[PDB]
Structure formats: structure tokens, C-alpha cells
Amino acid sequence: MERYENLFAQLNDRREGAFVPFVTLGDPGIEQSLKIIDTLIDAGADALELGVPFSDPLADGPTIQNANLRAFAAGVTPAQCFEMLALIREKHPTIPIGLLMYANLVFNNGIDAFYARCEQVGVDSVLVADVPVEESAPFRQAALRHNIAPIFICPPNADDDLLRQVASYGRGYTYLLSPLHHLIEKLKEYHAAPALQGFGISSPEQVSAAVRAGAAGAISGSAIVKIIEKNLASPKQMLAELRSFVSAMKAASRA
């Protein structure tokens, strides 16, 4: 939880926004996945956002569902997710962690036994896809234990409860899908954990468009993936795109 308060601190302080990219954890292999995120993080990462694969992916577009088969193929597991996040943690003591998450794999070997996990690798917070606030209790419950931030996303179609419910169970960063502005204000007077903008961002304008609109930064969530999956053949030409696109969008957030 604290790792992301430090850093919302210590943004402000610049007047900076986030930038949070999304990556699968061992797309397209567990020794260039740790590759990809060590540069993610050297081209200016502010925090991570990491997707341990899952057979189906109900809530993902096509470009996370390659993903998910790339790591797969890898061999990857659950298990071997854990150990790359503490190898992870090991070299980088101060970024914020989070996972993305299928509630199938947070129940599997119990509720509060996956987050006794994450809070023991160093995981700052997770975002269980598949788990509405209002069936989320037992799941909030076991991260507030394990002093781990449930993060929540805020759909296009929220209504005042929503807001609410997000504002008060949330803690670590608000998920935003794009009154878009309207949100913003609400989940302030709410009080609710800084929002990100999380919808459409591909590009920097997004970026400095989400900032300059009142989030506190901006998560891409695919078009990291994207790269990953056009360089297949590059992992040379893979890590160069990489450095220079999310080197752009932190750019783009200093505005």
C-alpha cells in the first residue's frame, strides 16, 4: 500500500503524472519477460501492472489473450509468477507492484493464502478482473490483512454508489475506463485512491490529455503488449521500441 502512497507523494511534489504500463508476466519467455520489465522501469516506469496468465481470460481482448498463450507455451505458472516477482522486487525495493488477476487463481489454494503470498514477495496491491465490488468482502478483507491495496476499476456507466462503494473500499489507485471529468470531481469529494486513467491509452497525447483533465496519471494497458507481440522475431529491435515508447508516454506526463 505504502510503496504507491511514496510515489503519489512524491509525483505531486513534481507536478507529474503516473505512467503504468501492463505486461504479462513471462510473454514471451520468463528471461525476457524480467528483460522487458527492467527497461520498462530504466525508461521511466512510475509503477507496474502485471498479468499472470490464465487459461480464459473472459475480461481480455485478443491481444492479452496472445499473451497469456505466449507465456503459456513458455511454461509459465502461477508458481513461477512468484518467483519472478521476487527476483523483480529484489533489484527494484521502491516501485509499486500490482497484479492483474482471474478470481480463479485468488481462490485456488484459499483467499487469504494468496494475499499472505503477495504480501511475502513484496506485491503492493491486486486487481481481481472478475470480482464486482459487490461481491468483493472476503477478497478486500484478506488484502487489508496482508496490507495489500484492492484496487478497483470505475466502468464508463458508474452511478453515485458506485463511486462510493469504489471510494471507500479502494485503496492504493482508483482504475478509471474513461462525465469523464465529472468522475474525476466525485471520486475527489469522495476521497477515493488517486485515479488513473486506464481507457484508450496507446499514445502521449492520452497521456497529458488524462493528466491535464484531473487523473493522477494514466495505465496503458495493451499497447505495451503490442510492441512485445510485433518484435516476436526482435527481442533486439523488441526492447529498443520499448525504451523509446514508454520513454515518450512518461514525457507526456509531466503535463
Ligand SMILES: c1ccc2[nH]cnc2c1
Contents of the next structure:
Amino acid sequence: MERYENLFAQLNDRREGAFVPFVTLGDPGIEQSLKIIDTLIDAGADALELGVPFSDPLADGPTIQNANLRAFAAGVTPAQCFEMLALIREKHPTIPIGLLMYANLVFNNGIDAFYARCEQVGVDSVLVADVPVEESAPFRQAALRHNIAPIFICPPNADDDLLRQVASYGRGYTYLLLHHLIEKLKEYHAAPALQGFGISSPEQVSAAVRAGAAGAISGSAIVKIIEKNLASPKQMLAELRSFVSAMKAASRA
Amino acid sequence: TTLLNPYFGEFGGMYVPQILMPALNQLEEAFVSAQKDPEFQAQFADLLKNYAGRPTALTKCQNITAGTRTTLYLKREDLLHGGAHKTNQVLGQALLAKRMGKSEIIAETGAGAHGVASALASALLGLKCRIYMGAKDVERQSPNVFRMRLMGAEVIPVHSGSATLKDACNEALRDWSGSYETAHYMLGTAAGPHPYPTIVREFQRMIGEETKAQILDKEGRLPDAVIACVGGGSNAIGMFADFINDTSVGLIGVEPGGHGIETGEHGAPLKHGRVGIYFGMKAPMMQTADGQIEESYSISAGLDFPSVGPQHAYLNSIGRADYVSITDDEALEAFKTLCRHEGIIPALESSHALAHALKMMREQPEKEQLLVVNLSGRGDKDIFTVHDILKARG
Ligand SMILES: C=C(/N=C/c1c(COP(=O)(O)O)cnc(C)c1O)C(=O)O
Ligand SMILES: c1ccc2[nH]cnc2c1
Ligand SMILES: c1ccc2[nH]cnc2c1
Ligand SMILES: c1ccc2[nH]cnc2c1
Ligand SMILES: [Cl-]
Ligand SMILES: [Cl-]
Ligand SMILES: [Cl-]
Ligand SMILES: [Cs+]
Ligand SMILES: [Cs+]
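How about the form deposited with the ligand bound, since we already have the form deposited without the ligand?
To see the whole picture, the full complex is given below, headed by that same chain.
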């Protein structure tokens, strides 16, 4: 499919930034996770970034470490995550869906097989947190064979060879983190940039778009609202709706 | 792009978030530079000799082999300053940290031997040291904790996941992402992302080099086999490296069998796990059918790890090295036998290697064989553990 291209074309028509929340699949349980995700979309999420619970999430701070433990405490498995993703896609035909994976869950049952399952349930992209561009070839090839965008992080300690590699190898969007990074990435015809460095306020979304980013990725801020409101499901959904409404409003201008 | 090959056949690599790649590239160039620098080599040799006490003895064990055609030598890494082989490569890595202009050290430990070695090296060389350790591990290793703090190190317990060595490993990489301009990550085994498996081997290879010189002096020939326990792989690759091209010399690595391979409570991923990607490397893992990393088990904290260094996976694949397992009960018997018949108290980790040598002898007592066991550490740290088992069974 072309869900990221269509979304950016529609947003560029509207002179509008993307707002993309991150949540852990099955946090705090399968049914509540599905309700949380439907609430983010209803409230104006342009796209989703969805974590699969992993035993040793070495790229995650404590907010998301705790999100995975909550999901394991509910028995959430990779197979249950693929069932959830098929249900989300069945409800929501156009929203780009990206996964945040750890390499072992992609490699476990065979890399080709992993990306074939992603394509069957209608996932758009995969970011493998512990596969740098230097190790990426078999992952990026299997992704593209199954119409999945491989997503790369352009860190702040990036150099020009890394910018050319991320620009050539990535698809869908470039995960960002002087921010002239954005102009070089455009010069190198990179996938549109989403800024993802601790985006937790409306002003940061506006600022990302003003810098020339196509939008912003939150994540942690969303999981924090889940953590805070465990004891009140309907207050959780109210605070999630208000947060996403505010972050999405910030992207129109 | 790298200066050296990050792979041993299909095993190894650099499976880290993009943000850590510059730290690994910087470390590789500093290592390649240091290995060509006679002043670096001279400073390293000085510390090994005059501070750590190298060369270590090679002890012939006559009582334990009486009435068989086995001749057994022990390579006495137990006599190194700190009481384990871990000291050798901590001294080299601390000098690399200084070469790179770093002022701070991060280290993981399970048992506490690498943490003690990192804290002693940091005290000597004027580095500020922090040690991530399983909260489970902290609560079981209060001796080695107190030693680290006496030597001015910060010991950080880990609440994350199973709260153990893999999470301790997990915690250390977590920290280095942000601090690598100022801090060096002092990885304690021949595993993790390139260039650590290579660096740790080269900073442990004096074990095998000395063993080869000493066995030529004493016996006028190479050993039939050298035998070492395998937790992550550093003492074994240190003993193996200088013999890899001596194709007559057997290389035997001993993984922990725990309660028995058939129980699933073991630490033997090389022979009983399957390949995965974790801790920065493609290597054999103990993992669930779903690809979650499993918890290992051994009576010996220093072997209790669900992966293995990629060079051991490679040496196994091509048949250059053979890997076996030894259970808790076999290790304990070898521990008691060495104490009673040679007056040496071995680390329970090292007792795995000894137990396999004793099996080689006892199974085939009229086979002529010249064996060396790497005695990776002393067993003072294990006497409470052994006491507690002996009380329980009698
Ligand atoms: C894991 C640790 N110890 C490992 C160890 C081992 C196993 O690690 P290597 O496979 O890296 O040699 C062997 N012998 C001794 C005396 C040891 O202390 C540690 O000290 O943190
Ligand atoms: C979203 C959530 C967790 C992540 N870990 C690394 N990149 C991420 C993006
Ligand atoms: C692969 C193999 C050998 C190498 N030497 C330097 N970089 C390498 C990568
Ligand atoms: C295996 C894994 C990590 C280690 N750190 C120190 N010794 C080790 C053995
Ligand atoms: Cl726009
Ligand atoms: Cl592109
Ligand atoms: Cl010589
Ligand atoms: Cs003998
Ligand atoms: Cs092991």
C-alpha cells in the first residue's frame, strides 16, 4: 500500500503537520489497549507507532519498560499483537500503522515470515530499535518485498554518510532523534521527517513543523497518561482524548 | 564501515541503536591504534606484571590423576590480583578509556568478580566507576558489593525485568548512549557488539600464551586439550586464542548444565539454545518459542547467562572447538576434590572446567592425555554457597 505517501500528500494539501502517538500493544490489557488506540484515532492521531512487548527492551526508558511489564502481566504475546493489529486495520483502513520492534522478535520465526505477517495484517512500517543502518540489509530487503516501509532513526550525533544512508534506505518517514538535518535530508530525497525527541507539549509540535519536519511523534507522554490513570479507565480515555486533541490542533498551525 | 571484521562467520555484529554506533566506532579505532603502540603495550605489561602479578603459575596436579595416564595442569588465574582472570582485560580497557580521554567507567556484574576488577582498576587509574548489578545479584553478593564500594565505586542495583545480569547488561548499555563522550562501558566478557568480543579476547590472550610457554618448558610439547568454563566466553577465549592455529590442540568449552539440560534450568545456549539477536550480537540464546529471552540457571552466578560470545559459536560451527556441559552436582564434586587433594579452593565457575577434565580422565583412565584446565578464579566467594548445600544434603 501507500498509506504514508497518501497521508503526507493530504497533510501537505492542508498545510498541516502529522501528530503520531506511540503506545505499547496490550498495555494495560488487550481490550483496554484496543479502546485506548480507538480513542487516539478518534481524537485526531494521523498515524500510530505501536510497540510489541519484549523481554529485554534495551532502547526504552522506564516509562515504556513499565508499559511492557503491564502487557506481560496480562499475558500479551507477539501472536496476540498480530491479532490486535488485524482488528485495528479492519476498523481503520487509511491510518498508517508503524511497529516498534526489537530485532529478536523479527528474526525469531524468520525475517521474511515476520514481514509477510506484517503485510497480511496491514502494517505500513517497522522500526527495529537495535538494527542500525550498518546491519539493516536483510531487514530492509524483507520489508520492501512485503510493501513495509523500513524506518530509520537519524540521531543528533549523525554525520553526512549516515544522512545519505538513512535518505536512501528509509521509506515512509525518517525518525528524527543545528536542525539543518531537515534540509540535507530533503536534499538527499529522504522520506518525510517526523521529530520524536521527547515531544510532550503542543508548542513542540508547532516547532517541529516550523523547522520543516512533516510532523511529530509523542509516545512516552501517551504511556504516562496510561500509567497515571490505571485505576480510572474512563478518566484515562478523557485525558488521552484531551492530550491528542491539543497536540493535533498544534499541527494545523 | 569498520576497521576490523565484526563477524565470526554468521555470529557477532553490532546490533545496537544507531545512537551507540559512534561510541563503538571510536572504541574500535582506539583499540586498533593501541595495538600498534609500543607505549600502550608497555604500560599494559607493567600493570599486568607489577600490579596484577603476571605471569600466573601453571600447577601440575599429581594427587588428583594418580593411577591414570592423565597429566593435569591448572593455569592459576585464581592467583591474579582480585582472584579471577577478569582483572587482565579490565586493566587493558581502563587504559583504552584513558587513551580516548574518558574519565568515567560503567560496568555490569553478576557474581561480582568483574565489578570488583572494574572498581580496583578505576581506583588505580583515577577513573570514576559505576557498576550495574541485578538487585537480585546485589542482595546475594553483599561481600563483592562492599568491596566495590570500599574501592570508591558506585553500585547501582537494577529493578528492571528479572533484575539480574542480563538486566544489569541491559542497564549498562542504557546508560552509555548518553555518557559515551565522557564514560567508557567496561563490558566484562567476550560478547556484546563488536568490537568487544575482539578486544576482550586480545586483552585475555596472555592466558594461553603463558600456558603454551609453560607447558613447552615443563613437558616439551603442546597439550592434547585446554579446557575452560564458558559464561560469556572471556576466560575460555583467553586460553584458546594462542592455540587456535595449533590444530593438534583440543579446545573444550564447558557450559553450565544447572539441574540438568533436560530440566531446562541450565546456562548452555551454545549446545541447547538457538541463534537470536540480543545484547548487541547475533549469537546462540536461551529463548522461548516466541523469541522472548529466557532466564538461565547455574549454581555458579558467573556462568548464569542465557547467551555466549560469537567467537565460541563460530569455533563450534567449524568444529575447531568442542562444547560440553557440567551439572551443579558435577561442579560441586570437582570443587570438593580439588580442595581435598590439591589444597586449592576453586571458583564454582572454574570447577565446571575441572569437572569435565576429571570426566575425561575417569572415563578413559588408560588414555594418555596432557590436559590444562583454566582455573579462572578462586572460590573464597563460594564457601557460604557450598556450606549451605552440604548442610542441606547432610
Ligand atoms: C559474570 C561474572 N563472572 C564470570 C566468571 C566466569 C565466566 O565468565 P567468562 O565466560 O567471561 O570467563 C568464569 N570464572 C570466573 C571466576 C568468573 O567470575 C562477573 O564477575 O560478573
Ligand atoms: C517509539 C517508542 C520506543 C522506541 N525505542 C526506540 N525508538 C522508539 C520509538
Ligand atoms: C567485514 C570483513 C572484514 C573487514 N575488515 C574491515 N571491515 C570489515 C568488514
Ligand atoms: C557473561 C555475561 C556478562 C558478563 N560480565 C562479566 N562476566 C560475564 C559473563
Ligand atoms: Cl505541511
Ligand atoms: Cl527514500
Ligand atoms: Cl614464540
Ligand atoms: Cs598420572
Ligand atoms: Cs552461559
